[PDB]
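4 protein chains.
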Amino acid sequence: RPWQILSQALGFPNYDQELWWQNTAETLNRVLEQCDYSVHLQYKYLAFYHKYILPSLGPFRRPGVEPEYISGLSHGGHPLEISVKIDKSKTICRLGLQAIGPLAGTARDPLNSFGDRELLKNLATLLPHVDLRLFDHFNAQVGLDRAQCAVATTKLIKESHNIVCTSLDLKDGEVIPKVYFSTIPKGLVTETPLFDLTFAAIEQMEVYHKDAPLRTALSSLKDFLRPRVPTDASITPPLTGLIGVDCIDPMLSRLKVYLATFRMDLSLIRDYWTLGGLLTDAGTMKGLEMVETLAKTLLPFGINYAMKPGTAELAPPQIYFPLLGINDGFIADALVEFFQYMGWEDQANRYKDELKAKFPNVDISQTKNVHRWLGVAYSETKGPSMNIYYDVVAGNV
Amino acid sequence: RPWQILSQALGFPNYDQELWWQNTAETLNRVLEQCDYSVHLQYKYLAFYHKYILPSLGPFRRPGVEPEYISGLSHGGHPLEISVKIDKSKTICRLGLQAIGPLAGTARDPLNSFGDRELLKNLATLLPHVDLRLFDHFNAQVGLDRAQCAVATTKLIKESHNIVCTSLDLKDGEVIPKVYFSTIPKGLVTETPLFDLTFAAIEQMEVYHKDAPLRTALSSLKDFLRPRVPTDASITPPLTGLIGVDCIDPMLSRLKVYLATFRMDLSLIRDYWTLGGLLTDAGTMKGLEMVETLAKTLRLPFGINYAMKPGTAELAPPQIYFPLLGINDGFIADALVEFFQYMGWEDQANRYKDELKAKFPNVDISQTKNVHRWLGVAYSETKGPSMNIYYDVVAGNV
Amino acid sequence: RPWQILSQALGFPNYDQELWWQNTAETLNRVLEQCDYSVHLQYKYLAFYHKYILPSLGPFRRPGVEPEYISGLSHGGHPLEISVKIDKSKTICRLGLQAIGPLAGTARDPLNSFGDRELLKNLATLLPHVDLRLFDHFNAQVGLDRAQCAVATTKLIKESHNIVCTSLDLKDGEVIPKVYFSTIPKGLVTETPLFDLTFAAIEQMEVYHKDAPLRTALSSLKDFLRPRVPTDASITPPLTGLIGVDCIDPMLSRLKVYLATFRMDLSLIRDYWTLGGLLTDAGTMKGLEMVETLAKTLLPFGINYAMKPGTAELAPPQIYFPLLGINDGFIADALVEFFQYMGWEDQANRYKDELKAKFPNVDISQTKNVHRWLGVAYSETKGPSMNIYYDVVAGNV
Amino acid sequence: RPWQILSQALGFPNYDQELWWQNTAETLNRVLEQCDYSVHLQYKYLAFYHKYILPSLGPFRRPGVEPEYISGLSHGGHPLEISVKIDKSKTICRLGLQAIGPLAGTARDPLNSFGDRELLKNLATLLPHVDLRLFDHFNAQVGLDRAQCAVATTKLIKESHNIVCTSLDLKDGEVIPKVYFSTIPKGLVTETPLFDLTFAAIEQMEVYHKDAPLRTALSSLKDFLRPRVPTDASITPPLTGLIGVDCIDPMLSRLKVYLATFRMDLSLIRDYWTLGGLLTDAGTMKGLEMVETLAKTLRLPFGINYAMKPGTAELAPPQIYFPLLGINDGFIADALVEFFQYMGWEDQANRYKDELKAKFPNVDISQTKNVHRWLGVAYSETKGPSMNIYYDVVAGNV
Ligand SMILES: CC(C)=CCC/C(C)=C/CSP(=O)(O)OP(=O)(O)O
Ligand SMILES: CC(C)=CCC/C(C)=C/CSP(=O)(O)OP(=O)(O)O
Ligand SMILES: CC(C)=CCC/C(C)=C/CSP(=O)(O)OP(=O)(O)O
Ligand SMILES: CC(C)=CCC/C(C)=C/CSP(=O)(O)OP(=O)(O)O
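Residue numbers (the numbering used here), protein chains in the order written: chain A, 694 to 1090; chain B, 38 to 435; chain C, 694 to 1090; chain D, 38 to 435.
Careful, some of the hints might be misleading.
[What the hints assert, rightly or not] Each computed DSBU-like pair below joins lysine-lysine, with the alpha-carbon atoms no more than 35 Å apart:
no., chain 1, residue 1, chain 2, residue 2
1, D, 293, C, 949
2, B, 247, A, 915
3, C, 949, D, 247
4, B, 192, A, 915
5, B, 192, A, 1001
6, D, 247, C, 848
7, B, 293, A, 949
8, C, 903, D, 195
9, D, 390, C, 903
10, D, 394, C, 1001
11, B, 394, A, 903
12, A, 949, B, 346
13, B, 125, A, 903
14, B, 390, A, 1001
15, C, 903, D, 293
16, D, 259, C, 915
17, A, 903, B, 323
18, C, 851, D, 247
19, A, 903, B, 390
Hints are computed from structural coordinates only; laboratory data are not their basis.
This is chain A alone, in the form it adopts within the complex:
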């Protein structure tokens, strides 16, 4: 199998990398097989993962070895998730990580401020269409100096000592990077409202200055958000907690504004999904029915508003449900049910057996940490989709 062949051919520079491979790569290869990637792409993505991602992952937290940097991306503190994005017809695999610098979580780098960009630089000489300009824009607007990073660490739990996260879509035959910047450290240290910071960073983008439609969409979103998030500097959910961009040509990149909140019920889902009554069309409502059904059939909730240059009008957000603490066999049975409801019979009929085969070392009827998040979306052009995020290390140990 590719993951075994690459281990034979490449070995490992060090033991943490070897332990990362032994705890993730068989799962990754399985996901790729299940999603119908050809063998040549399996090799491509696994070889890429070996060379670029393994060294980015830092030490492998395990009994007796407590790293200096502890990630919020997973239950055991490992800076890695693997996700799938499921349509009617097809499934795409994606990696989410934090790239860990070698002084991360110590005085010289308290918020792991440098590793992700270093990874992106290696990707920019690897891949012709990687563009770092929006990364650099937002790193400039929300990043902090060393002293400020140290102040932020005294105000934040260990699992939130970060400023950026990276995801890599393994799509078509390419690697497509996207990043998310956190607003909280800058809000805490500057005592500036999260809302003001978020929109000020956005309004200073080059593309915002050139694109009237984006400015119109952003003004509707600010109207919607202003009354719903804090006006003061407090970290009171609901709040504008992340800004996401795609590492592509800025005029093509989707700009994402992510809300985090700890309350969700039907009223709130409806409010978020329709932007308080702004969106009342049939596509929107069909999406809403999906999301309501999913909630009935079934960490903060997330709401992600995505905007593109050239589009004046806002769409429904993607909504993220946290699943940590809920039985993974229950979740699987629920998703089978939801897939049937969506008419995705094939996905329903394979979901549970494929889930087990992804995570052979664990008994999913006994685990509660393997499914970590579920995202749901509905797009006027693309259709409905569902994003499932897995704590791959929890699924392997």
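Position chains B, C and D with the ligands against the provided structure of chain A, taking the given hints into account.
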């Protein structure tokens, strides 16, 4: 001597780093001695240089070995300069380089777009006061993607295939980084006027949005520049060719707008120095007299660098850079002696020549015309007059 | 194709590595395909080649860039050859290289004394059955200190400033390393006879002390060689110029003693092949007829005497014919003829078309440097075989 | 101070290297000062240490972070010691380490078989007189393949999962490497007597084949050892546990055979020191009196190290190593003062305690029992008496 001891202690990871050391470090150690740095700071800076700068300099261009990336920073194509900044009371040493990535000047990195930031990241875990926000801001506004970088290379000579360069001030026992971003590649690829792209990038700075005084100073500079630099997309002089920032807290960083031009005479000097009559105070006029005198005493373009600080509403006189490539270095030394006497810096005058010879022991500097590359002169209200002398260190050694 | 997929997935740390890949890896992948390696082994070997060999190859000599170290392994000074070993039924691909240290050919490393062992160390943590003890034994007996290496360089042409060479057999599904140590630098600097040095280094092996049969074989070989190679310190071919070992368990390793000479004619072939009349059996003679025929149908000639612990009796050597300067289309037509004579009809019928497909950038009817060496062997148990060494860079530029 | 300046100039590639520096370099700089190394040599050695030794030390074992490889070189499992060698006229500093590979103590490298050679290769391009031939010889004779290394790990406690270690003498402004190869893993895996495997490896040396005098000295040592060490395959004392060489021209290298044993009293000391009566000369007897006196003034095994040089036919007295782990370090300091007075080294006696406290400022050395780990004593016909004091530097700092 420190440069020799460090060569013995540390060796070299490869032969290009060894050649960079054998052509630069003895000079650098000399400069630091001549500037009255203590032995401990000589070690600090030479060890820093070995660890951080040698790998950043890439291959050492030499007969039989042509790198893929050729720098415009020096005559022989070497991405390094060493400068001194001279006052009444003190002299400080500065390094200027381009950090060369390992695929620089090839399809995967046509304009060497990544090495300087990588160096800066390493400096940010080394030094507590290094700040990358303004670097990242301007890299975002004036940097180009790979395909654009490839287009730019078809429109620029090999020595101008760059977007950024870095200087490191070796001051107060610290290393203070500053960078300069080139506007030309973006201007060429986007067919936008240099003046428009320069000020649009500046106007999107976070600090510009928060600081009324900086906006006001910028606004006076634009009024001065707009009728003097092109309004079209042409690359013709005087032009806004570089944006400089200091890699420190954005609220403390000096923002620089550098003009390049070929034409200079006393009336242009006055125009640049006084911003066409805007500045008429005694300090300004005393400065002007100094700069005129230097010009009389004395091909690359002239430079004119307008430096602005958040919290300051008013423009000061720029620093003026005289290009010295092609002029005999013994003449330049005699000219500087003369100028130092005129400023009343007798001690600097009496040591300049002997010190120059001792900086460059492997070459006869009276026979060279490329060792002195630039001379910058400045006057400050609070700080006094200063002179910046930029040396092509490799031309001084090979 | 694997070589293209790996280039997409891995990129290159630097431009010399990229140029090595662009001048060799398509050829390598072609060789592996032609030899019926499965796709999974093609990936294994090409990924291995990317990770381990590319950085070992040093700079890529090209117009305007003259490295400090110039290899004798190829016509353009590149430290690389690809060879095939052909039987009746099957063909095996092998890599020959010098691993170039980053100070090679300069005062701090005048004879490139360190790179090969550094490569072997990385292989010893990659591959479970790699054994370095014989490497270290011979490096101890024939290696030189810095001053001695500098003296040797004043007495040797630039293309012979080396002490070790490495080959990697890509066999079964493994990588099997072998090395060759040169005796000449130590002979020159110490003014010791090459014969004395060679046998003294051998007689100090641990396995020689434990294995009576090897000592008996070695005593017959010394009897045969003593009158034929110099008794003085001169570098007068015929001479004992290399010692070869396999980097495996010393009790399994073949020990090789390689003679170089500039004269070969029928008398001498017969003398070398039969060890001056010692070997007169039917297998030996059948081998001799092969070798004579090959010579008629068609750098020093080489003669390689291989011995194994547990075997008291010497076998016929492998004989190496240099082909540099001879037309590569002529060579191909000759080999087709020789293959037919051996009854290897299938090999004959595909040789020329496969050769062209290995080296598509060149016209083999116009080149004289692509075939560099040919080795012929006959083994009592294994049968006849032929080793063809290609200047892969000459075949690509 | 140099250790601080280098930390400022160089920083650290990772947090384990930073912790190694923060627990060792201040001590090391102190030792070098105390030994009257000039500031330039202090820089030379501390910069060398930063570049070459810090990466070789692997992870810094500490609460919450357990490495895969645990060294027997120190009490806390840290692969580092610092020693001083004291004469009448001078004191020199030595580093002892294991160079830890990145897969050490795991399936791909169970006995850390590659790191020390890799360090030595880097030293061989750094320093002109470093020679790897004897290293490679003994690595060939006593080193093991992966499967054998895995077998050995099942028969040895974690702290003895090693085959080699390295010392670096910081002498004459140079770095002089030496190594010690363990015989036990080969003895265990092959079930061969340690005595037989030790001498078979020695007897295959190129220099042994060329040097009649060394063979003769070896022959006298074997006669002495054969009735004292086991004839069977057992790992019981006194045993031939290490072979030491200097990484120099084989014809100049001292070959060492190190015995380990637990039992010592005055009659055993005499036996080891005189080789059971073989040596009876005045120098030898004067040495013996010294060593007896030290023993009276004063768990790891005792060591006895027999050092032989090509061209010398006759055996000299060994160096004897007293194990000091578990004994109070204030007592040891008082004992050494007493011994120094007895040797007539008044100045060394008068400074020993104060200097010890200044070497280890972060710990109260009067409360510790692991900081002094070994004390070696030697007498040489030509050179005089000497004392080697080995410190667990990390135990002196944490
Ligand atoms: C770890 C935190 C803060 C939230 C977990 C959920 C998460 C990382 C959503 C990322 S948005 P994304 O995966 O990029 O959604 P798509 O546009 O790729 O479909
Ligand atoms: C314009 C071209 C071709 C190269 C750049 C010229 C150059 C080295 C400008 C340096 S300005 P700088 O050294 O930063 O002067 P200060 O403001 O530090 O006094
Ligand atoms: C470059 C020089 C000195 C000779 C060229 C021929 C050469 C390298 C023969 C190697 S012997 P080898 O390839 O290992 O023969 P096999 O036992 O592998 O069949
Ligand atoms: C025997 C065990 C458990 C560890 C080795 C003990 C050790 C550090 C011996 C060093 S002998 P050494 O420092 O080389 O003495 P010198 O001959 O240099 O005077």
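*CA of residue 390(B) to CA of residue 1001(A), is that 35 Å or under?*
violated, 63 Å
*35 Å Cα cutoff - pair residue 851(C), residue 247(D)*: Status holds; Cα separation ~32 Å.
*Sort out whether residue 848(C) lies within 35 Å of residue 247(D), counting only the CA atoms.*
Between residue 247(D) and residue 848(C) the Cα gap is close to 26 Å, so the pair holds against 35 Å.
*asked:* Between the alpha carbons of residue 903(A) and residue 390(B), is the straight-line distance 35 Å or under?
replied: violated, 55 Å
*Is the hinted pair residue 390(D) and residue 903(C) satisfied, with a Cα-Cα distance of at most 35 Å?*
Given that 35 Å is the threshold and the Cα spacing comes to 55 Å, the pair is violated.
*Within 35 Å, alpha carbon to alpha carbon, are residue 903(C) and residue 293(D)?*
Measuring from Cα to Cα gives roughly 25 Å; hence the hint holds.
*Does residue 192(B) pair with residue 915(A) here, judged by a C-alpha cut-off of 35 Å?*
violated, 43 Å
*Hint consistency between residue 293(B) and residue 949(A) [alpha-carbon to alpha-carbon, up to 35 Å]*: holds, 33 Å
*Within 35 Å, alpha carbon to alpha carbon, are residue 949(A) and residue 346(B)?*
Holds, at about 34 Å.
*Hey, residue 293(D) versus residue 949(C), does the alpha-carbon distance stay inside 35 Å?*
Satisfied, since the Cα-Cα distance of roughly 33 Å is no more than 35 Å.
*asked:* Next pair to validate is residue 394(D) with residue 1001(C); report whether the Cα-Cα distance is within 35 Å.
replied: Distance of about 62 Å is beyond 35 Å: violated.
_Restraint status (C-alpha distance of residue 247(B) to residue 915(A) at most 35 Å)_ = Since the Cα atoms of residue 247(B) and residue 915(A) sit roughly 21 Å apart, the hinted pair holds (cutoff 35 Å).
Hint compliance for this structure: hints 4, 9, 10, 11, 13, 14, 17, 19 are broken, all remaining hints hold.
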